[PDB]
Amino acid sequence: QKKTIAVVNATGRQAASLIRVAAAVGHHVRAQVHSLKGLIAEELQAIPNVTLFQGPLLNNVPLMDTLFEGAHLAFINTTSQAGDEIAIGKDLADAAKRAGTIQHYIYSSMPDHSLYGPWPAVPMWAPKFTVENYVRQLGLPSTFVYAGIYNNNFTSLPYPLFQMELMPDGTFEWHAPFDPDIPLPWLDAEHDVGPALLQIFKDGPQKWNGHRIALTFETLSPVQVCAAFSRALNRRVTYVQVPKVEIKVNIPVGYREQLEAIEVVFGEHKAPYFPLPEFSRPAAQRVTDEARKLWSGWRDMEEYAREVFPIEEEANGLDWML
């Protein structure tokens, strides 16, 4: 029988991608979800091999102990939502070590930029690095994956930072603080995270214990992203660098503070998205090497812009794609 994988925030893009491919090949999944309501939660309730455990993570160790019971593998990706990401991250790691049966613990981590230059720590990223350091100290056989920017963030709706805005004449414009020519790491979370994580588990601790892996299959500067959308949609697409991220809709304070940090780190300092020496300087050799080695079936930005974006846009009530 395939191994049992414990997962949290099951409805999130990363966890859901892994659950789908894992259950399909025979793995049993023990997954935590904050609510059983919702299209993804219901989708997951429909999969036999998946067992859902509804409840919060924040200070809910008993659910954690239950989650890991009989689990052989784990893929943990936390969020800043509950307000105690480090606490939850340490609790999950402690619970996994306590289970005694976890052979491989994959934690989705991020950089703490303040460690690499005269830059601010990015609010929703730095805490994850603190959790990674704790996981490393536990001695739990582990691997740390660093997700690139989700291709899925793009929308013509007035959401911050990644608005591919539709102009009156049918052209699109994307305004953000990123330097137009510095390449950024991108990731088609839905399509590529699951396959990549499965391969990391197949390779095992022998191959990745204590390693960091950048989960990005393509790096593109903002102008290269626009060129991909342009070729995909046969419309002009233009990138415009702006110092501040305009907020046109109500957003959580947490995201608000995240955006302010992005303006400083990328707008002002033009710092790397993955500033760790192994990803920046030694680059990885390209930063996409390991991800591509793990999964060669990845989807590029141009294909996403041509095949997926129009479908998600229609589903969001837009009709420019007729």
Given for the second form:
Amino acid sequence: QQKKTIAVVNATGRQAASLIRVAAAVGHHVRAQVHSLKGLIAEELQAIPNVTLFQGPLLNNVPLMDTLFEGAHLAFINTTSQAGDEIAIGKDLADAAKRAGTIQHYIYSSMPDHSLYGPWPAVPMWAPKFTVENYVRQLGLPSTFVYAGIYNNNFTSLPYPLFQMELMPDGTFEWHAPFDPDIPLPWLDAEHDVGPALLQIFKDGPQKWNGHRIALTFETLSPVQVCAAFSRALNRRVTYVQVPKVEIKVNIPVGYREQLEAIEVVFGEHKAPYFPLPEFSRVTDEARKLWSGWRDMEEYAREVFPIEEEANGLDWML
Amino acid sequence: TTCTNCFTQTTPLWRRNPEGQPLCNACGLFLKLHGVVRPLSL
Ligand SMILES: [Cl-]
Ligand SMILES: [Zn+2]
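Could you give the coordinates for the form deposited with the partner chain bound, as opposed to the form solved without the partner chain above?
Full complex below, order starting with the chain above.
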């Protein structure tokens, strides 16, 4: 009924930003943590009225956390491995949330730990989120766990790892990745659908979602299908090429490499399902009920891809 | 046709504003549930 105060961290991140724009808009007050006030998104999040920001790091900074949850009734938590150790950060946040005593629904964005389901290793940027999940549960916090499908907007023609839609010379697009060409993967349109879905989960309350795991994915397409989406949505010819190893064409950080190497082994070498949890082995069902105004790969490709590229510095579309 | 809000031209179902103007399934559905127009980036 009444709009509540929501606490969020990593405000500039795609999941949070989505929620913040939507939540602020409908009337909720937002208390968010950002690493830096510098940046487009940051300044934007600053331009939205009922949004309060706290600039500071998350690691070993329990004071930021205490302030963040003051007067908070709801919270959506999605940490990054970059801010430092996710498990310790993810546990401090949970402790703060409980110490605030006002949290009615605590949504944490979790990810599988593949080694728990096969000789597969643990995807570093994913595995720890499962430990934090268990700890959230351990504290007794009324919670719900969301598992995000791969972002639609990870795609770009720029030489960024794993999801490059490189613009070949012959006026076509090729996409190099480890993922099996015929294996359906879980996708998610971060900007367009994370916000509304989260809102619906909050509107439902823990009386419905407490203890549940929700696969935040609204459509599952195989690499070939994803390319068929782009190719049928831009007049261009798009092909998928399965490569045993991920291509790093730009000086990236350590963490991000190891992460990619794990991916190569898990999906390229073991053809292991994105969501190895049994409950996730249709998966998109719960999501589409939570929010039916979802944006699939075709709309994303025909309506957004061309725009993001342009503002990104490309005229291939013009 | 196009969406008055998001300008998309691709959507599973078109909807109309309480006046009659075209909105996409999402924008139309969002407003209907929360009461305000679906906010966008930038
Ligand atoms: Cl941030
Ligand atoms: Zn629209």
